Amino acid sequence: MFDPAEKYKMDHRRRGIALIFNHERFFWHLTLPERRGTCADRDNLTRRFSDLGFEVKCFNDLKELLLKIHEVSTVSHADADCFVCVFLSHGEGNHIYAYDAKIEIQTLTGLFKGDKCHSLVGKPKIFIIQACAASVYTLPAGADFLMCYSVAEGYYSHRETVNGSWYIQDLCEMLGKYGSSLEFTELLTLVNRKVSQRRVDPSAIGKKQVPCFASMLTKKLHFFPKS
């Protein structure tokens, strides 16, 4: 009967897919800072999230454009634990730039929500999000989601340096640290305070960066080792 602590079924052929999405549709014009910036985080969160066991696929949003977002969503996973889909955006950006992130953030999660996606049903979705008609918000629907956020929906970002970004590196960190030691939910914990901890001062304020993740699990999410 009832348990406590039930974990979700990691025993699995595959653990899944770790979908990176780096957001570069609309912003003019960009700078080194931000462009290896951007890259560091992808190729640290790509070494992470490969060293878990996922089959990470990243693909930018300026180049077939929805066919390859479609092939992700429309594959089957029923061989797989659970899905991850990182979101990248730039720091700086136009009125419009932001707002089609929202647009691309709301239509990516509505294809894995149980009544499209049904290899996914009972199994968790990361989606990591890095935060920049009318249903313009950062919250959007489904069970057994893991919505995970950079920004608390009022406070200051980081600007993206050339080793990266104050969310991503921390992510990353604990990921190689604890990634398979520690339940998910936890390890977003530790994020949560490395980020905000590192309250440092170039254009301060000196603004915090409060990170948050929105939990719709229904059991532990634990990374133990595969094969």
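Positions refer to the first chain, counted from 1. Only the largest set of C-alpha atoms that superpose within 1.5 Å between the two forms is called the rigid core. What changes on going to the form deposited in another entry:
- A 2 Å or larger CA shift between these two forms, after fitting on the rigid core, occurs at just one of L111, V121, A152, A98, namely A98.
- The two forms, fitted on the rigid core, differ between these two forms by 2 Å or more at the CA of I69.
- After superposing the rigid core, the C-alpha of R15 moves by less than 2 Å between these two forms.
- Fitting the two forms on the rigid core leaves the C-alpha of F27 displaced by at least 2 angstroms between these two forms.
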Given for the second form:
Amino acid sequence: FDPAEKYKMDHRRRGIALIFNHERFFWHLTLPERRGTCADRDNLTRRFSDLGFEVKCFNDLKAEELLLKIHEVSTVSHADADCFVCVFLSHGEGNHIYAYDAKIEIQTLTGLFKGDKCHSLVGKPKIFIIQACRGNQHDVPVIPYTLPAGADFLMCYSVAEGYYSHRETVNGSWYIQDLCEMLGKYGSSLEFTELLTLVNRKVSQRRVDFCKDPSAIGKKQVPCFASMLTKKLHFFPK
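What would the structure be for the form deposited in another entry, rather than the form deposited in one PDB entry?
Only one chain is given; partner chains and other molecules are left out.
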């Protein structure tokens, strides 16, 4: 048993990074436009490409087309790849995000990549990054062998469950900005979860300094990653 064991990241390809980018929504949903999300998408495209990923972006898909796309990806072989990344930039609540015309349960998306559904990813990291609200609380400032089919998922959320997640209308989301900065500086050397912990510290330093809603001033946000990984994860240059 080896405490330093790492995932084997010496396949021919790093793998695919899917980005689902949602800027606007069917009017009946009554959701506002997500100005700043294009910055987030472009930033991720750049950082993820630099780490060897084949980045595919889709903008404002309807739920049926998104599910179709994601179903396609989960059924092509990843035998040649180190890992898989899937990013969602949208509005959200509870345990769902919004496509153009309807909400989708996060579980619906991750389920397609479970071991018994997606064999060529068994034993490999399956990484989901979600920038969306997770509820309606606004956090406040304070002053200081076989494998399980569920294994090897890493869920990276911009915010802990129950809370608002923040976005600047030009620079993009707090979380994606800080994630991309840390990937830019440390992505090809730091263990990924340690990298995410740095992200938690960056984001938790931010505060709402300006807002159209005065009662939001000073409010806060901490991200949260949920790991079912079984080994150390690195993106060393290939």
